[PDB]
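**Student:** What follows is each chain in one-letter form.
Protein chains: 6
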Amino acid sequence: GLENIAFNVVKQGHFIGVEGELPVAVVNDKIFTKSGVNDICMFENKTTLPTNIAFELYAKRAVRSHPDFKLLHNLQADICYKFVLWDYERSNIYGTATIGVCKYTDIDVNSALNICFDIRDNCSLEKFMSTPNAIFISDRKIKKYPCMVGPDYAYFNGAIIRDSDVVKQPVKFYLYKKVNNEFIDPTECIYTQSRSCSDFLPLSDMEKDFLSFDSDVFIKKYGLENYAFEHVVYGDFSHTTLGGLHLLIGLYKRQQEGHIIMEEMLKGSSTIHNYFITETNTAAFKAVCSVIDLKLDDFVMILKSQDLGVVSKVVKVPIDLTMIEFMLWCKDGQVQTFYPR
Amino acid sequence: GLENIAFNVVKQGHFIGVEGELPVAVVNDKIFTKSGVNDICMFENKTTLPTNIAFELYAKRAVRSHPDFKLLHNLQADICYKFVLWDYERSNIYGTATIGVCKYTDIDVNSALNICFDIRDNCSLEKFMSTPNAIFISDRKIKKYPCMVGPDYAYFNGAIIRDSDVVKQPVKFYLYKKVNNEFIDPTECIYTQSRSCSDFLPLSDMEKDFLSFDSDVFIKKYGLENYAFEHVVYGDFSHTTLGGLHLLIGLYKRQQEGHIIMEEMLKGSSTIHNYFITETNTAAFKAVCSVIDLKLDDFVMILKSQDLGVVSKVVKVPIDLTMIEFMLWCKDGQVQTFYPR
Amino acid sequence: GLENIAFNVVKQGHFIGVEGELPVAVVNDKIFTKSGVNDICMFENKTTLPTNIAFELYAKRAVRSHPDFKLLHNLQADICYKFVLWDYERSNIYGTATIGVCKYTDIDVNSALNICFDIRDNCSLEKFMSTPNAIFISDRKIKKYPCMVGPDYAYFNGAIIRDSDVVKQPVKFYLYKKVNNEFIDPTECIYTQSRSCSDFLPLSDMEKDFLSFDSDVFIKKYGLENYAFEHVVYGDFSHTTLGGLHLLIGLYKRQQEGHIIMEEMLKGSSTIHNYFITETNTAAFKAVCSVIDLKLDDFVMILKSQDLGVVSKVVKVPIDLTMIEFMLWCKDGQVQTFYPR
Amino acid sequence: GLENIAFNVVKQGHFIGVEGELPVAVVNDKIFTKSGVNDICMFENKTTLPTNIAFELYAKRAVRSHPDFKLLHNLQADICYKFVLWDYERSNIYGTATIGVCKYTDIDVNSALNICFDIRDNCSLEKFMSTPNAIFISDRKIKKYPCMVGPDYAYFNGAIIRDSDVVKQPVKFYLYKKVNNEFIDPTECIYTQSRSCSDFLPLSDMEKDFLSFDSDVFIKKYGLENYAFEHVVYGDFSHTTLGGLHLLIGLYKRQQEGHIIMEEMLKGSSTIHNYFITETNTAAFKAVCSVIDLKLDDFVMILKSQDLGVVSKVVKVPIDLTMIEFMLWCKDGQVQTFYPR
Amino acid sequence: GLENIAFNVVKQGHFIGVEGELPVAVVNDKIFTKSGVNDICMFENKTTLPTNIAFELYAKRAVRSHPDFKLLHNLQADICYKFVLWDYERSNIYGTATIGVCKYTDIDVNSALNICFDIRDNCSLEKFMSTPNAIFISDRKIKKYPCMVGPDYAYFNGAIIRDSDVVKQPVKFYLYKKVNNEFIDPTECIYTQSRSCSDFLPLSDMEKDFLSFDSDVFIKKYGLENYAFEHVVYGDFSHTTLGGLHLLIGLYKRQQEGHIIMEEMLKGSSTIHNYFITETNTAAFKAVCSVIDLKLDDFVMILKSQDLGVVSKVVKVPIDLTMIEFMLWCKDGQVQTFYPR
Amino acid sequence: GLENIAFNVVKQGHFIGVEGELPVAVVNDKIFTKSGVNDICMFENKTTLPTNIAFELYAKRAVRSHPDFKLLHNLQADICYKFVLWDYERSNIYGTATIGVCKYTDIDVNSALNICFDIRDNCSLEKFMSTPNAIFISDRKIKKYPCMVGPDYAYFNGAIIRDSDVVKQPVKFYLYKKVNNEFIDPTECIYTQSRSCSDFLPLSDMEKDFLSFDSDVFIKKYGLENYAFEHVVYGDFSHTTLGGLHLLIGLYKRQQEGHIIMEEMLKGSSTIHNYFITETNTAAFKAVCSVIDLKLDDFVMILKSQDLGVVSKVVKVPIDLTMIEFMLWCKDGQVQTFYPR
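Chains as they are written, first to last, in PDB author numbering: chain B, 1 to 341; chain A, 1 to 341; chain A', 1 to 341; chain A'', 1 to 341; chain B', 1 to 341; chain B'', 1 to 341. A prime marks a further copy of an entry chain.
Be careful, since some hints might not be right.
[What the hints assert, rightly or not] SDA-like mimics (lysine to any residue), calculated; alpha carbons at most 25 Å apart, straight line: (1) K46/B' <-> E44/B; (2) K103/B' <-> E21/A''; (3) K34/A'' <-> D236/A'; (4) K34/A' <-> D87/A; (5) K34/B'' <-> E325/B'; (6) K172/A' <-> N74/A'; (7) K34/B <-> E44/A; (8) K46/B <-> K103/A''; (9) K34/A <-> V149/A''; (10) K46/B'' <-> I40/A; (11) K103/B <-> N114/A''; (12) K267/A <-> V18/A'; (13) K11/A'' <-> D236/A'; (14) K267/A'' <-> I40/A; (15) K267/B'' <-> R61/B; (16) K34/A' <-> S35/A; (17) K82/A'' <-> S35/A; (18) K34/A <-> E89/A''; (19) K11/B'' <-> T240/B'; (20) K34/A' <-> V37/A; (21) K34/B <-> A97/B''; (22) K103/A'' <-> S111/B; (23) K46/A <-> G268/A''.
These aren't lab readings, by the way, just hints derived from the structure by calculation.
All chains, full assembly: derive it from the sequences and hints.
**Tutor:** Here's what the structure looks like:
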């Protein structure tokens, strides 16, 4: 129980099933332990769950790499099988109920929910394979079955981790989803990159050039005259309502100049983020600026696929294992704007 | 540990060291446990201690009779040795630290406080014998050391329990105190009786007559004409400020007539109790009406020991193992008033 | 200051400005004080105010009789001048702001609310006289200004107190109201009686007979054959929805037979009370049973004033210093039902 | 929405879908509403749920009779369909999730739990008919399916309600269970009676005699000489540990003599209740005294069915729709003791 | 209500009167919403107001530019008319009551308070013009009336915004204050600049030189030999008590060197801030270092107006629409020190 | 009391015994004060102590330099005499009880605890000299008595402060510890340096070279070939478990390259810290990486004292006034690894 989980956390960094106790006060949203003559705060509840339970779930993070939470949400994963994923930005669990982790939150392994199974847990593959409605995460292709191949990054202990020769946790995942004992077989999709304004590195020569070039030079170099990059990507700050700015790399490049404030009402990994943004020289502002983190070469691809001869169209692009809708507006053979709905 | 304590409480009624776990939530001031499909509340913290600890001390409460708290307080007992005492009216523990009971609240035995030891704990006698400043409680005379002999009642699981041939927990306690490794010699002493307005039973013929007789018939039967019983005991409710009423039997008799509201600002076993009393016919009230529950015969004895000559006098009485002081005001060879301070 | 207030409450029963300090903890909704070796709870916040403030207003409560809250509410008294009134059922104060009582909740006297002043506070009369929109309460007629004369009862320290030669706080209040520096002229008025199912005493011969007589014997003794007393007063518990029962004496009589459960959603002194009532033999229930506690004679008088000709009618009655409306439904020259709205 | 729910509760007694808003504060465990110049408390959360939600489920409580909770628990009812059941003793709901009642706590109907459906909800029958694992409650036999017929009482708005010609909610429930889309065949069964020490009414001639007769006169009237009624039913309070007392009528009879303190660690409707009991003359106590409230005639029937030959035996009895086990210890052709486990 | 405000915030960035609901838990100081399968924290109360209300007020920020809060405080603005201002540093409202914004906090528009009206709200100008005691904020001069012209900056969504050709919110405000239906006409004042140690840009050539020059060169360049700039502006760190340092630009220049820790006990926009400062090389420290953010050319002006022939004088300067007092000490024709009282 | 402490804090920066009050709300974990028309947050409880008390203790920080908390912990200081030390990282007191500081937490000056006395308090030297079990902190040597000389740094108002010609608080302390009226006389020890990854400056030429050189050059320059510096100090990130990295300067140099995340479960000054570390390129990770902040020349000294001819040894080094144990593993005349247990 509680004292034992506190011991594990202090001694072994997290829950490992070791034995031993520490004294523990549970005080509103906080967990304290008596170390020597001092009471020391081990935990601070940002959950809707009883402070002692949240702390348990935390201590019982799964400490391995996995797909970013947005992907799981888009696959409609409800709950995990015999493990629990900690979202560090939120300081909470993915979901609210659990299976074979914590008695208080455990629910019977049943069963209309989309259960998420991971190959690194003992015989979860066999279990997944017997389960009507489920998701499977695997570091390796499984036979022949239809498979959503993951992107070139993954989530590990709070950080985003990029695929490469030297990585010691798995980054490239193979995802499987069965709906009524039948495997799902979606159309290939593009991926967002889970970068932020604190942690942004470019991924192509286009992105490198974008972050360093004058806007007029960049546009001219890549034949983007007709694609409204100044409104849509670079963003427009001369007006009372702040214009465009729907691609992250543009938001990143902009904030790095020091004159931007943003709030995000609904925080956490997601295919689309919405910001409440103010430019602090012009006072240009927008209450909902919807932004997406596509690789810029990828974003450009999508635009150049558009029929510019049509005034208004709902564009529908497979991303992060769903369909994302953009509005596209055009006039006189040019993009006026392009944004997420 | 927490869930093990929950298991003992549910399965065994209190803590007895049996093995087992139940799932537990700690939610602010409360403790819940999963039982079938429900979350049931098992505890309501009224302590200044962390809910999970207050619950543990509760479960570890000592299930045995003991001298009433006010005696412990008056012998200046600071803490108990290897047990803990639950006060059911307050829903708290006697004191705040503990010894050999709960790791979080245990202080080291060594210090110069008055530690209270009990014969029912193996080896506490001998420990008490090798401790300079301490209190000892026992069901039996120990050799011939100087001994305070307690009253004909004791506290058990929230109730007052009276001495008799049928009682199966001890009620007569032999109480020892040491200071500088030297026993204190008892001052012979009167005892308050720990009754209340809900649980009150007369203890002598005088007390019985008191509860049933017209006031004029009683005063004259017992020769109290010069002792202001009307004011002091019966109470005077004819004035804007409630007169007298300093003896509990008089307060009980009174309020059982249904026309009294009381408010006790500071609750708990005590030789003196202070009430904020109002009478609902006359609107007579007193913010601080000090009240002692003496055997009425004993209260009468004290008054008849006193010089009705002196106008004013602090009278010193040995009661409940301390000295208790009253003011006595007189005029023309009679008592005007008599009250504690 | 906090610890000084604690000192007054403990030593003096309430706040009277005496000097002294006690140690105090503020723990969520509670106040504790060190006393000997224990932490004793002195207060339980049931307010929307910070615990330490709610405790202060409590201690500063005015210890005197006053008109019952529903009268203050019906004269639209927003705040009190240099005193504060404790409601013991709610364990809160009347209103939310204060004047000249506690620095944290004091608003400036100047504003256009109805300030309630009291004769027992030095200089409040004259202040009331130089204030345009206000209410004045006093124990005595003031010269000959237009005056509402209160009922034969009042509130004191949580109790209802009845007028008599023995009462030592005032009960008969003379109540003044000013609007635009102009006195309002009283409408003669009936008064509800502030009784309840725990504390209920008959007030007339009719009320006594009511509580003891078979229903058929009473209806006929007082000529109520055409007034549906069975439905309206006695109550009908033969149907799935509890019929009638709109007068408190009828509800009291009923529930004292032991087969009634009530739930009052919104508690506190009020001319009308709404109950969620269930009868435990018949399972008859009504989610909203509106109830007035009129002297039964007064309720009878009103009915006998009415035209049994009209099928439906909103009847307007001056009560408790406001206008109170009832529906009266009739059929074939008799009352079907009669209730407040 | 919150303020609309507040409006229904205040104006309509509970939630019925009427339109309107009231201002509401959510303060820790409490709900307040502005009414005139005051903040009135409308709710006290005793749940593990967010205060504003607990309040909603409360307001949406189903206002109708139903089988007592312990029956639902014993049929293993996990959740209700399109209604929610309030437990007034606990001030909580039956279970923790909900279906078609509150958006925050609604889970999808699809899953393999036992969903409890009710005839009084339009279309619940047919839904129950197309659901594999479920429980059905109704006021009327449904065709001829296998049917458990409930007892002569039921729960309504906090009370126990008895069958009779005058009852205006149903009391006799016909109860169905399906597992694998297959009805379960009822085992004939005895019922506990859901009485308590505050609300207890005898149900047979034997029960009446029991409550009034000297013990020796009763034992002999009903031929119980070989059945240890003294120990088992009357209770033995002569020893340090309270002997027997396993039947509620015996506990009631006893405690109404005023010399008993009980503490129930785990509260709520249940076929077996466990008490921590103390007798205040003899100080006899038992931390875990298991108690069943059977019709006394039924308890007698069971004992007279048993072999007084065997020294020890687990006896299995169908009660409250489950199997209930007792130990029966015998010696020299008589009962020593008999208790639940 | 609450669910609708949550919807607005998620969908539209803030409250805009749109329609729709989201499920919402209110859990102590936090607001969560159910998004997909996760509970997501939308709000964290740093207010004294009920968590649901604070969140309402927030969602109902006025999202436009306005004068910094210090100016409103100095004008003694009590409350705002039909809008509410969010202080982002504090995470609270300006004030505690509201008008025409939130039912729970709304108070009648009356009325001894200094009500603050803004021209961008419909007919607030007409309202202000009819109101006895009020403040008016306007982006344009209003006729002829005496007018406090604002500084060259303003507060917008958490940031300070400087006046210029390109600004899209109003920065230059014209402020009006009536006290008894009479317009106030103060002496021209100077302004503080609302800069901090995180966000500091200079505003003159003097300030540029100050941030980059050796101290001896700067003083010599501007003839400040006799004005104690080393003590007063640069600050002195060689002594046990930390010397001078009362001008922000000096505090800024100093901290930027990396060896300064500061606490501020009473946070928020203000004409004078007080810091608890420690220099981490010398351990020089001061418990109350009072600092003011005057434009340095402005600060210098003030000093050079002083009669240096006088030992001690209370200097009185109009700033931020009040009078600020400085102590000035001189000896031998030089400033020893200059600081705020 | 509380209002006075609030006044002191606002007016004078901290508690100084001055007189005056401010209004104050105590609201859960927060303290607010009414300043003008706003409620302003003065305090946020991270303690286990009642919010009003924690705030008192804080306001009553001792505002002077002192030895880092790790040293006091290693000397087993229990409590301080007439002062209280604030740990700013934790936002808590050293310890939980107090002496002559705050009535609520004050315990009698007695007495088996190791009481800590400081020379800067009046006659604490005389008191210490009369006390059986105690610690003494002094800015100067006291006669002849055995003395632990402090390191070349100290803790002051939240920062670490280095000894030097210019320091105005004492940095070099002389520490004394008596156990039974007998002075303790330990073997000279080495010291850790209380640096962090936020605040790190080197202290020798070796440390300067370490922070700037290629690893192969540094090792070659200092003849560290046989001491496994690459594993132990620089750390190894090519493996699934993150290798070595037990010296802070190595952790510092590493994190400064931008690819490291760390959690610390048990925060606060300590001789050994444990981190939960992830390298964000390789995903190399360790759940408990134990780190020590020795001066690198000092760490090297210790290694070069080791017999490399032995496979496994518990090395025992006097540090920070205790003994710290390291594991040392060797093979083929080389260190494989060296770490704290």
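**Student:** Now tell me, hint by hint, if it's right for this structure.
**Tutor:** We went through each hint and held it up to the structure:
For the proposed pair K46/B' and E44/B, the alpha carbon gap of about 16 Å is at most 25 Å, so the pair holds. Straight-line distance between C-alpha atoms of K103/B' and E21/A'' comes to about 10 Å, which keeps the hinted pair within the 25 Å bound. For the given pair, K34/A'' sits about 34 Å from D236/A' by alpha-carbon distance, which is inconsistent with the 25 Å threshold. At roughly 16 Å between alpha-carbon atoms, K34/A' and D87/A fall within 25 Å of each other, so this suggested pair holds.
Proposed proximity of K34/B'' and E325/B' is supported: the alpha carbons are some 23 Å apart, at most 25 Å. The straight-line distance between the Cα atoms of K172/A' and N74/A' is roughly 18 Å, inside the 25 Å bound, and the hint therefore holds. At roughly 23 Å between alpha-carbon atoms, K34/B and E44/A fall within 25 Å of each other, so this suggested pair holds. Between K46/B and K103/A'' the CA atoms are separated by roughly 22 Å; this keeps the pair inside 25 Å, and the hint holds.
A distance of roughly 29 Å separates the Cα atoms of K34/A and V149/A''; the hinted pair therefore is violated under the 25 Å criterion. Between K46/B'' and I40/A the CA atoms are separated by roughly 30 Å; this puts the pair beyond 25 Å, and the hint is violated. Pair hint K103/B plus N114/A'' holds up; C-alpha atoms about 20 Å apart against a cutoff of 25 Å. Restraint check for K267/A and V18/A': satisfied, since their Cα atoms lie roughly 22 Å apart, inside the 25 Å limit.
Between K11/A'' and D236/A', the direct Cα distance comes to roughly 22 Å. Compliance with the 25 Å bound is thereby established for this hinted pair. About 7 Å separates the Cα atoms of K267/A'' and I40/A, which keeps this hinted pair within 25 Å; it holds. A hinted pair counts as satisfied when its Cα atoms are at most 25 Å apart, and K267/B'' with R61/B qualifies at roughly 20 Å. Of the pairs offered as hints, the one joining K34/A' and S35/A is violated, with about 38 Å between alpha carbons and a cut-off of 25 Å exceeded.
Only pairs whose Cα atoms come within 25 Å are accepted, and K82/A'' paired with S35/A is accepted, the gap being roughly 23 Å. About 17 Å separates the Cα atoms of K34/A and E89/A'', which keeps this hinted pair within 25 Å; it holds. At roughly 20 Å between alpha-carbon atoms, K11/B'' and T240/B' fall within 25 Å of each other, so this suggested pair holds. Simply put, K34/A' and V37/A have alpha-carbon atoms about 42 Å apart, too far for the 25 Å limit, and the pair is violated.
Between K34/B and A97/B'', the direct Cα distance comes to roughly 13 Å. Compliance with the 25 Å bound is thereby established for this hinted pair. Distance check on the hinted pair: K103/A'' and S111/B sit about 20 Å apart at the alpha-carbon level, within 25 Å; holds. Pair hint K46/A plus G268/A'' holds up; C-alpha atoms about 22 Å apart against a cutoff of 25 Å.
Comparing the model with each numbered hint stated earlier shows that hints 3, 9, 10, 16, 20 do not hold.
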